[PDB]
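Structure record follows, encoded as C-alpha cells.
As you look at this complex, bear in mind that one protein chain is not there, while each of the others sits in place.
Per-chain residue numbering starts at 1, and chain names A, B, C and D are given in the order in which the chains are listed.
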Amino acid sequence: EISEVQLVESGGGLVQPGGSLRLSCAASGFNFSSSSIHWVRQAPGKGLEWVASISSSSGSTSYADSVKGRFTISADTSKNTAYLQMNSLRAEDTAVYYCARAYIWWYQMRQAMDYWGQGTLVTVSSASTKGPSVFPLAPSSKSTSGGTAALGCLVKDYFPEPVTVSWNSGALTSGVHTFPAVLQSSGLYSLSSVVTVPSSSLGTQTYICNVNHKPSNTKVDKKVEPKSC
Amino acid sequence: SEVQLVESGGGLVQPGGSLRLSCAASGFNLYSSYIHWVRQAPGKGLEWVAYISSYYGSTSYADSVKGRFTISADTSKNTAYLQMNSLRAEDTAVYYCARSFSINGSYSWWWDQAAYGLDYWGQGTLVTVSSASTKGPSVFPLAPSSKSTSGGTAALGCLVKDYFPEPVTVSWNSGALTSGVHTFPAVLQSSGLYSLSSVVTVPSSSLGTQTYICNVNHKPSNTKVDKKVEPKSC
Amino acid sequence: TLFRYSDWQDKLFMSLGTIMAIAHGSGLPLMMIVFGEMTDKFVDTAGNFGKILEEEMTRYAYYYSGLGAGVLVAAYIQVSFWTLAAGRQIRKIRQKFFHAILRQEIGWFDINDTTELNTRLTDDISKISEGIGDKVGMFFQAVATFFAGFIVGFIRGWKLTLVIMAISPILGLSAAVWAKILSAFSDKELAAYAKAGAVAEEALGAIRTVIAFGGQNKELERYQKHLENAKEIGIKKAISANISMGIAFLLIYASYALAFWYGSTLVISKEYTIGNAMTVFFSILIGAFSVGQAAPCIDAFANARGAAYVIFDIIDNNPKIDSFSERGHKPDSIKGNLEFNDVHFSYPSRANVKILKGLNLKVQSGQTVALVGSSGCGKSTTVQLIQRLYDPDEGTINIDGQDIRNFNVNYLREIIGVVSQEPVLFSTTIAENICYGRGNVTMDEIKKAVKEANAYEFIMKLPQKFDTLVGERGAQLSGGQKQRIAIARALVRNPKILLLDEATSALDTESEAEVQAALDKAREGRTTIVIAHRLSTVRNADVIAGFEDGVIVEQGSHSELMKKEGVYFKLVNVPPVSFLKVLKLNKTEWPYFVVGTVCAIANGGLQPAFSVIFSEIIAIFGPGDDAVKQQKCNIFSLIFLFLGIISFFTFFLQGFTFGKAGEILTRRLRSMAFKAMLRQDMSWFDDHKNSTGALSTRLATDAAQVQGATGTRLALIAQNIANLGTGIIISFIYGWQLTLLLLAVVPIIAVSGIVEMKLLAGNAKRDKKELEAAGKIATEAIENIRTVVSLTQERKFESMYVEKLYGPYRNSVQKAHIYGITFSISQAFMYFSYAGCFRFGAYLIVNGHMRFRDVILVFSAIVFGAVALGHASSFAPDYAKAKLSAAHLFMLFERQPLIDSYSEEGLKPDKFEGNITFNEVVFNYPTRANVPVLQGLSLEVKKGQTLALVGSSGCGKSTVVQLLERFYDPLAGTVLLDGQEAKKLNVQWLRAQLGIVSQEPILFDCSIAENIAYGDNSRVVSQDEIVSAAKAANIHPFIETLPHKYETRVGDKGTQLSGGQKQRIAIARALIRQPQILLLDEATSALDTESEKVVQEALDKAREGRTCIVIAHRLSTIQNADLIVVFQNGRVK
Amino acid sequence: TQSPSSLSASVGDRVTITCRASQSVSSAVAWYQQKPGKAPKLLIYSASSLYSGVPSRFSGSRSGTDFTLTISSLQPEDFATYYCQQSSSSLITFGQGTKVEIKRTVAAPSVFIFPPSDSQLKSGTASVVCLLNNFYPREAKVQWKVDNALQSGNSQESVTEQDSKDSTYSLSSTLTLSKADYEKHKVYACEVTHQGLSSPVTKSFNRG
Partner (left out) sequence: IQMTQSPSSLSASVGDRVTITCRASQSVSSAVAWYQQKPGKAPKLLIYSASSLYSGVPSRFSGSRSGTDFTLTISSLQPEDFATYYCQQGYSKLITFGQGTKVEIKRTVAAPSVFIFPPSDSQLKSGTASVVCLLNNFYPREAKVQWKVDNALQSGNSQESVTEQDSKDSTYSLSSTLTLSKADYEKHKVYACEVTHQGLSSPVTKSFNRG
C-alpha cells in the first residue's frame, strides 16, 4: 500500500429494492489505526458523492444525509476491514462505490482521500436474466452510395451489461462506432454499432454482426443486408 | 569449540612473595566443571594441589599451604585466579591448569567429586622461588687434557657458571657443530645462580688440526660469549 | 483503586469468579455438616454395636462425589475467570500506561531515568499480574470456608457456637494489636531504612571521588550504621508479630477448652446428639486455621497495591503542554516566522542553574539566520525550547505573534523539522528510517528527496540495497554514511521551518555541501536557523548571530556584524549459581535454622494430633457408663490448655527465629555487596546497564529476594510437609488401608502440579521473550525520547507496541487455561478420593476391620492434613526469583577486577617523585569503541611546574586525569611514575598520594567537618587541622555564619549549599592528604574573580615544592602557567 | 460545489479550473484527474501541495474562496474529467469538475435515417433512428417530425464518447413506436441542428 494499493475486493453483487449487502473495503498494506477509511458514491452523470466516514482510531462516525440513519459503517482493527451495510434498498442507491483511504497521522494532508479503490459497482435493476436480440439497422437503398452508407445492427431487450458485439467475425471493427448502452425505460439498455462504408460494397459483400451475451449465455447473429422492401 | 586453558603470570619470586597464577579457561566457562591446579615437581613428577567448583562455591586448598593459596574462578571474564601467598622455596614446580571430568560432556555434579579423571589439561607458567638476580654466566672451558690420547679419541668441553636464571645455549663453533654433544642439566648454584656443563668427544686427529669454540648465549644476562678451546700446551 | 481498569465483561469475569470462589470455599464445611450427619448416625451404629450400612455409606459417598464435581467446576471457573480478568486488565493497564509515558513530558523524563522506567514498567506490571491474578481467588475461598463455619455451627447444632462466638471479639483484639503493632513498626522501619538506602544512592552517586580518595571505607560504615538501626528494629517487629500469632493460638485453644467442657455437660445431659457438637467443633476448626494459613496471599495483594500505586500516579497525570490533544489553535496559513521572547528558562532536573535569561531575537519566513559562537552559550538551549520540549519557565516563543501554547503541538512539531544535533537513527531500514519523516511516503517520495543528499551509492550498493538493516545507533553505518540519511530524512516533511544544528559534521565536505546547498535553495519560503561548523558555511545565512549569556544585543548580517566588534569579528579571527551457594551464604547462623525447623515440625504435625484428640473423644463420648464429663473431659479441656501454651512457645519460637535469620542474612549480604561494588575497577560503572538507580535496585531488591527464599520457605513448606506427613503416619498406623487409597491422589496431584510448574515456567520463558521483543520497541523510544518527540512519530510506536504486546496477551490466555485446568484437577481428585476410599472403608467396617471411630480418625487426619497444600507450591515463583537474584549478586562478588584497589603485592613506594611521563599513549573508551580518545600522547611534568592546557570545548579535555589515577590501562604507550613504572605501584598508596578536583565534586549525606576530613582515611585526621586547611581553602572564614559550626548535614548532593560553595570546598577535600601532584581539571568554575583566585592565590606561595598540572581554561592564571598542550583530536601541541 | 470551467479549445491557453467553496470552511480541497470509467488519482492536496506520481504541470493554491488547478499550454495531452472534493467539516460536499479535450476544428456531420425492418415488427415494437456521424462540438440537436408535428418524448438519444482522434462525435436518436402507432404513420422526418451546419439538415422518408 506504501508502494501499491492493497484495498482488496469485498462484496461484489447485484441488488433488488428488496435486497441489501454488507459491503466491505478490506484495507491492507497498513493497519486501520493509521487511517480513516472512507466511501463515496459515483452517481452516473454527476460528480463524486460522499456517504460516510469511520476512523477506528477513535471510532468516529459521520454519515451523509441521504444514506443517513438507515446505514452503518463498522470497522474492526482486529480483522482489518471496513464494513458499510447497505440496507433499506431503494432505487438510486445504485452506483460504483469508490471506497477510499486516508492518513490520519499527518494532519498536514487535510484530505482524507489520499488513496482510492475501484469500487464495488452496486446495481438495482428490474426483472433481470433476459437474453438480447439482434435486429438489422438495415440501410435503405436510397442511402448514400459511394460516400458513406452507414449501417449496423441493434442489440435490443437485453440484461445485464456488458454484451460483446463484434463485426465481420473480428475482421473489421474500425469505421464502426460503438455506442454506449444507454438506459431503456424497462430498466434495460440499448447500444448501437454504426459502420461507415460506401453502399457499393454492400452490392457485392454482406456483413454479419455477432452478439454474445455471456451475462445471459446467448450467441445471436445476423447478416445485415441492403433493405430491398 | 573445545577447552583451551591458557596460563599467564608468575615465575620469578622470592620466598615470602605473592603472585597471581591465572588460567583463561577460554573455549568453555569456569562454571561447568571443576578446575584444579596440578603440581609438577622439578624433575620428580606430579602432585595435585587444589580446586574450586563455582557452581557450588566449593573450594579446596592444599595441606602444606592451606592459607597461602586462595582460589577464585571468575565467571564473567572467564579466568581462574590463584592468589599465591609468599610462595616458599621448595615450590619451584610447574603449575598446570587442570580441568576435571564430564561423565556426559556438559557439566559436573558435586557428589563423588571428580571420580573419572581429568579429561582435559593445559600448560602453565613454570614458577620458581629464589633470591638470585640477573647475572652473567662466566664460561670456563674445561679444555681437552694435555694427556690427550694419540691415535684414539679425546673429549673436549666447557662449563658455564654463575648466572641466573636460565637459559644458556651452549653450542660449539658458533653452533655449527652440535653432533653427539650431550647437554647436561642447568645446575643451581649454591647461592642461587645457575651453571651447567657440555662436552663432546673428537678423534685424535682433529684436536689441534682445528680449534673449536664453546659459544654460550644467555638472554636474561644478554651475554653471548665466544671462547676458544684447545688441548693444554704445558 | 486496583480494579479501576475493568470493562463490563471484565467485571463479569470477576463476579462470576468470585461467587464461584464462594462456592469453592463453602465446599468443605458443608462436607463436614454431612460429616456430622454421618458421625451422628454412624457413631450411633458403632457405639450401639444398621444392615443398610453399605447402603447408607455409599449414599454419603455419592454425596461427597457430587461435591467433588461441585468443587471441580468451582475451582477452574474461579481460576479461569480470575486470571482472564487479570490478563485483560494487565494489557489495558499497559496500553494506557505506556500511552501515558509517551504522553508525560520530557521534564518528567529527566527527573526519572530510562532503565528505571523500563524496569518499573516490566516488573511493576508482572508484579501486579500475579498480585491480582489468582491469589485473590484462594483468599476468597479461604475466608469463605472459615466464614461458613459460622452458619454451619449455628444451623447444625446451636449450642457450642454460642460460646465460641462469645470468645471471638477478644481474638478481635488479638489480631487487632497484631496489625496495629506490625504496622507501627514496619512503618517506622521503612521511614528510617530509606535513609540507609539514600546513602547508598549518594555514595554510589559519584563513585569517582569515592575512589579518587580511597574513601571507600568511611561510606561502607555509613551504610552499616543506618542499617544498624533498621536491622535493630527488625527482630523487634519479628517478636511483636509472633507474640501476636501466639496470642491468637493460645486463645483459640483455651476457647476450645471452654467449648469442650461446656458441651461435655450438654452431651452428658443426653441432650441433642454427638453430631451437632462434634461438628460445631470440626466445622469451626478447618476454617479457622485455614483462614489462618493465609499470610502469603495477603502478602501478594499488599505487594500488588504498592506496585499499582505509582503506576496510577503516572497514568492519572496530565501536563500543561500535551502531546495528544487539539488543546488550542491549529491554523493553516503560516509563514515560518519565529521570535524568542525574554526567555528565562531552566531545567526541571538541574533547576538551580538558568541558561537563557532574556533573548530578544528576530527571524522571518524564508530568510536563514546563523547560530554560532562558543559552546555552551545556548545553541542547544536555543533549539530545544523551540519545539517546546521544556515548557519555557518564563520565556515564550510565538509564530505570527500568538500563543504557541495555543498552537496545537501535534501540528507544531509536525510542521517544522530540525535535523537533529547528533544524527540519531533507529533499528530500521533506511526506508522506515526516513519514513519517520511522516510515515506515508511512496517509494518515489523517498528516493527523490533521498538523492538531495547523495544517499544513492552506499544505499544502492548493499545486498538488499535499501532493505538492509541500519543497526544499533546506526551500528551498520558510521558518520561517513549516517549523517546523510538524517539531513534528508526529516526533510520529506517539507518543513515549514527546517533548522540545522551541527548536523553535517561527520563526513567529507562534499556531502556537507550537498546537504547544505541542496537545503539552501530548498528553503525558498522556509527559514533555517543554522548552527554550523565552518566560518564560510555559517555565512549561508542572511543574518549571523552572537550568543551572549541570556541577552541578545549583538547579531546581524555580513556587513552588519564583522564591523561591530561583538563576536563575528572575534569569531572569524548469568552463569547460574547453585542451590548450594544460596543455601551457603547463611552458614554461620545454623542454630537459628535448627530451631526454626524443629519448631516447624511441631507446629505442623500438631493437627493430626487434633485428629487423635477428637477421635478418642468420640469413643469416650459414646458410652458414659460413669460421670465422664466433669470427671474425664476436664482433663481434655486441660490438654487443650497445655497445647495452647505449647503453641504460644513453639509459634513465637519458629516465627521469631526465622525473623532473626532474615535479619542476619540481610545485613550480612547488603554489606558484602556494597563493599564488593565499591572495590571494583572504574571501568564497571562508566556504563549504561550498571548505573546508579539500576544498582540501588540491584542491591536492595536482590538482598530482599535472597532472604525471601529461605527466610520464609522452611517454615511454610515445613508446616505443609510435616503436616501431610503426620497425617500420613497416623493414617498408616491405625488401619493401613485408607492411606494408600487416599494417596491414590498423590500421582494425579503430583504429576499435575509438576506439568503445570513446567509449562508455567515455559510460560514465563515465552513471556520473557515476548516482552523482551516488546521492550526492544519500548526501550527504543524510552531512550531516544529526544527525537521520537521531534519527529512527532511516537504514536506509531504506540501502535507497533500494542500489536507486539498482543504476544504476552495470548500467552496469558494459555496461562489462565493451563493453570485453571491443573488446579481443578487437584481439588476434584482430593474430593473424589474422600468419596471412594470412604466407600471402600465402609465395607471394611462391615467386616469389623476398623473400629468406626478409627476410620473417622483416619479420614479426619486426611481432611485436616491436605488443607496445608493451599499455597504449598505458590511460593515457587519467588524461589526462581531468588535463584536468579542470587546468580546476579554472585556475578557481583567474585569478579576479580583487573586493576585491584587493594594492591596487596607489587611496589608500595614509600617516597614520591612527581615525574610522570607519556610517550605515544593511545587510548579509547570502552562504551562505544568506534571513535578514539588520543592520536598518540606524549607529555610530562617535573617537580613544581604547571603544564597548563587550553583548546576548544570538549576535545579530549577530560581524559587527562583518568589515565594517571589508574582508572584505565591506556592501550599502547608509556605512562609511569618516576622510572619505576605505574604497573608496579600499590594503587592504594598512589591513589592516596595524588590529588584531583572532580569535574563536579559532590558532598555527601554528611556534616561540614567529615566531608573535608574524608580526604585522608586509614587514620582519623583530627578536628583542628581542618580549620587551617579550611581557612587555607578560604572556606572556614565562611563557617562563621552557619548555624551549627560543623554539624550541617548537607542533604543529598548538596541541598543546603549552592554549587559555588560546593565548589569553593572542593580544594579543601584533599589538601590535608598533601597532594604533591595537583591534577586540577576545571579548578575553579563557579566563583567570583576576587575570591576565585584565592583557590590559586592561597596556593601561590605553597603550590611550589610539589608538582601539579593546572587546567582551568581562563586568562589571568594560565598566562602565568608554564607548559601548554593543545588538544587536537588527542595529541600534544 | 464548483462552477464548470470546462474548457476544451484550440491549443495555447492557461486553463485554471476554478472551484468555489460550497460553504465557509478551512482551506482543504483535493483534486483528481479521473478518467470516466477509471478510479480517481490524487494530484494535489491542501489545495496548495503536490502529491506523488504527479508531473510538474498540475498545481494549485488558494485565492480566498477560490480553489484552483492550473494547467497551461493546451496540448494533445489534455483529456480527463477533474474533481474537487471539499473538506474541513464532519460532512464533505464536492465539485463535479470539468471535461477537457482537444479541439481540431468544426467537424462535418453526416445524418441518416433507418426505418425498422419487419424483423423488429414481429415483436410488438419498432424503431426508426436518426444517426449523426462525425459531429463536433459536443453540442448537437436531433428532432423527429411525424405528419408535420414537433414530436417529443419518443427520441432516445444515444451519444458515443468523443472520438479519440478527431473529436467527431456520433449520435443515434431512436423514435420507438409499437403496433399501435407505427403503422398509422406514413412520413417520418428528422431535423438536425449542428452549429457547423448553416442549414438544419433534414432527412425524411415516406413509409413504403
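Side notes on the structure shown:
As a convention for this text, a residue touches a chain if its C-beta (ideal position, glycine included) is under 8 Å from a C-beta of that chain, and two chains touch if they have at least 3 such contacts.
Which of B:56, B:96, B:172 or B:212 touches the hidden chain is settled by the complete complex: it is B:96. Within the full complex, the residue among B:199, B:207, B:213 or B:216 touching the omitted chain is B:199. The omitted chain makes contact with just one of the residues B:10, B:57, B:137 or B:144: B:144. Contact between chain B and the absent chain runs through residues 36, 38-41, 43-48, 51, 60, 96, 101, 113-119, 121-124, 140-145, 147, 153, 155, 157, 159, 161, 182-185, 187, 196-197, 199, 201, 232, 234.
Rule of thumb we're sticking to: only the chains that are shown with their structure count from here on.
Comparing chain pairs A-C and A-D, the larger number of C-beta contacts belongs to A-D.
Rounded to whole angstrom, the centroid-to-centroid distance between chain C and chain D, based on C-alpha atoms, equals 74 Å.
Of all residues in chain D, those that touch two or more other chains are 26-27, 46.
With touch defined as above, residues shared between interfaces to two or more other chains in chain A number as follows: 108, 110, 114.
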